[PDB]
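Working notes, structure below.
Missing here: one protein chain of the complex. Every other protein chain is in place.
For reference, chains read A, B and C in written order, and residue numbers begin at 1 within each chain.
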Amino acid sequence: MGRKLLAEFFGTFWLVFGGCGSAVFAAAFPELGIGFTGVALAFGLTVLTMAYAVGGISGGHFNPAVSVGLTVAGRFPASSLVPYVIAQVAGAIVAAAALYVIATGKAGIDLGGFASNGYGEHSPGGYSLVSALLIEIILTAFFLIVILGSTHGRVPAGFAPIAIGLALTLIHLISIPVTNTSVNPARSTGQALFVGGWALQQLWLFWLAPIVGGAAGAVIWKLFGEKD
Amino acid sequence: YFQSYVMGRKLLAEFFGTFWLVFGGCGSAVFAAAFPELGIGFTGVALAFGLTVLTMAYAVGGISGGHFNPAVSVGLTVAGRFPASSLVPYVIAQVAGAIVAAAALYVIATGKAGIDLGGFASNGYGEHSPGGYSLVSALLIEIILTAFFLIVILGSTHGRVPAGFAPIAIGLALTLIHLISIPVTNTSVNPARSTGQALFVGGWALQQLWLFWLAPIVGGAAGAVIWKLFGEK
Amino acid sequence: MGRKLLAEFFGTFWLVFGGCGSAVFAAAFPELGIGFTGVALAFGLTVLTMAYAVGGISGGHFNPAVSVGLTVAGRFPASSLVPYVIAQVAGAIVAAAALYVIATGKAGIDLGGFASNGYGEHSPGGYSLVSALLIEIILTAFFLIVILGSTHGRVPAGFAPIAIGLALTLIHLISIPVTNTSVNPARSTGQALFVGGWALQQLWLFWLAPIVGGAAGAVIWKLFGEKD
Partner (left out) sequence: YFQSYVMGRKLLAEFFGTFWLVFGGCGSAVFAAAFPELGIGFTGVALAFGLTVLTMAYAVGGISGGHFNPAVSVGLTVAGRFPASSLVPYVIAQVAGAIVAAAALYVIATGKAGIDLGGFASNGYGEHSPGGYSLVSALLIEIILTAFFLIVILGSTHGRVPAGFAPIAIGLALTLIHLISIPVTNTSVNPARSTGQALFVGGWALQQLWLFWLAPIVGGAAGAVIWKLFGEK
């Protein structure tokens, strides 16, 4: 069990340090930077890679809304939920801090939103709170449908990391302009704690919406996918 | 053919999958393709469409067959992989999934007011081809691209290839198809995908829609006929 | 055997119509075009996808220099070499022609080099004939090392298309500026026949260099990789 919490901790750290750190260091670099596509690929590849490295140890959730959805689907014991959520939020916070220390090694850098998720005025594209809510619920619900589908016994072992990592990239290709893309309450919490201000005031949305999307995808999955 | 899952489950699978294909491929185009400085361009859209299929073919492919595409259902029927008796119900689940995804995209887009959605990721030709290509060019490239899409689907799901790899060959073939043809038609190869967007644009998009039923369905049947000639036995 | 020639024909057609057609229609499209990266990804994905669809029928060479390298490696009967080369060059020519018909459906388009490979003045980056020669030999030799390695019995079945497709993308990411990237005599012949002029005068280089690279990679492979 301690092995499983460490798997979640290192995994969520990798997710945030790789995804957010590609956003902070590289996305807007002049002439050669990696754009929304490269951040999207980054975040999907943190999940693909640690899903292969530690998924067979903890299940490789790396994401509170995943742990909730897999509990609602009856794949995962509700008794492990809270500990997993604590291990995950701790990895995110420790990654946010390592990124912070490294980022400021560049003289007079402006961290800005520091890859925090936001809506309205803090939506990259100026989309409303209601747009933010709907798209985070829809995308997280589908994220769980892919995770529950691709880890079902009808799918041969070993392919789920590819499915689930690249589904995370696809989710970023769709929604970065709307919310910078959360679908993961832990991945939103670390960056926001370093920004404070508006980032903390909007943080609730990125706990509430992914958790409702993850639970909804679980319920939908149960209705047509999980039975033999 | 035998039944492996009851029809309601296969139809929901097809409904949710085609919803994902349009919501993710058309959503990436509407929200992110042209975003100033950092937007994802034709490349990021092609990746997104391929990934909706790769990820839903893994998620529900084992339930319905994972068509998400009337042209694919038709091609597999012509190749003798799928029963004609399931054709019409699948096509209806797929077109319903695409219309509901278009509507969902629209609702989310209204949260950024005063914005012009332009063609709303609709397919088109002539003045409505991103590069000004003619109706004949559109017709040809949709026939050839959908035919090869069918040949990749049929060969990668054949028993001579190990289970589990199809979603990756099929989803990446769709990304490849958009890399080639977005400048020509915005890329259909999928009558349901063309239909939901066009119903919201109306006008020229409804008027040109016929072509993105006819060409993909012709190409899908042609791919299937070609495959049965050399690949299936 | 007729099944195998048709596999090669459809395969090389897909390679050229997908790769070259991504170059002609999309690579330089204003604001949104796919650049050298998207052409590189295109060409690798034609091979990955048709290697899965028909590789188990003909071996999925799609490329005269592959057929030569696999013959030199003793993987493939020298008696099938010529027929495979004819089927491959025929797919390329028929794809070049379909691309031609479709491309000119755009009023007053300038086809330009029409994705032909070239060197010196016709190298995108102005690299010399000698640069062109060396990089086509090196990259084709490695292409065969990957193909022979990834289809060896020590590698589990089904992964070779991923290896070999993405190796082709990697080769394009390295060399498009130097020669537009051939590593495939058939893929160079179709486009050049439609351009004539300098494209025909340089065509020999793109037969000679990939065939020497493919044969060399086969010989190197035999020395350290092919034995149990």
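Here is the rule we go by: a contact is a pair of C-beta atoms (placed from the backbone, for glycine too) under 8 Å apart; a residue touches a chain by one contact, two chains touch by 3 or more.
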{"item": "Neighbouring displayed chains - absent chain, whole complex", "value": "A, C"}
{"item": "Residue among A:77, A:105 or A:153 that touches the chain left out of view", "value": "A:105"}
{"item": "Where the missing chain touches subunit A, by residue", "value": "2-3, 6-7, 10, 14, 17-18, 21-22, 25-26, 29, 31-35, 37-38, 41-42, 45-46, 48-50, 52-54, 56-57, 98, 101-103, 105-107, 157-158, 161-162"}
{"item": "Residues from subunit C at the interface with the omitted partner, ascending", "value": "27-28, 33, 35-37, 40, 124-132, 134-135, 138, 142, 145-146, 148-150, 152, 154-156, 158-160, 162-164, 166-167, 169-171, 173-178, 220, 223-225"}
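By definition in this document, only the chains that are shown with their structure count from here on.
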{"item": "Rounded Å distance, subunit A centre to subunit C centre (Cα mean)", "value": "39"}
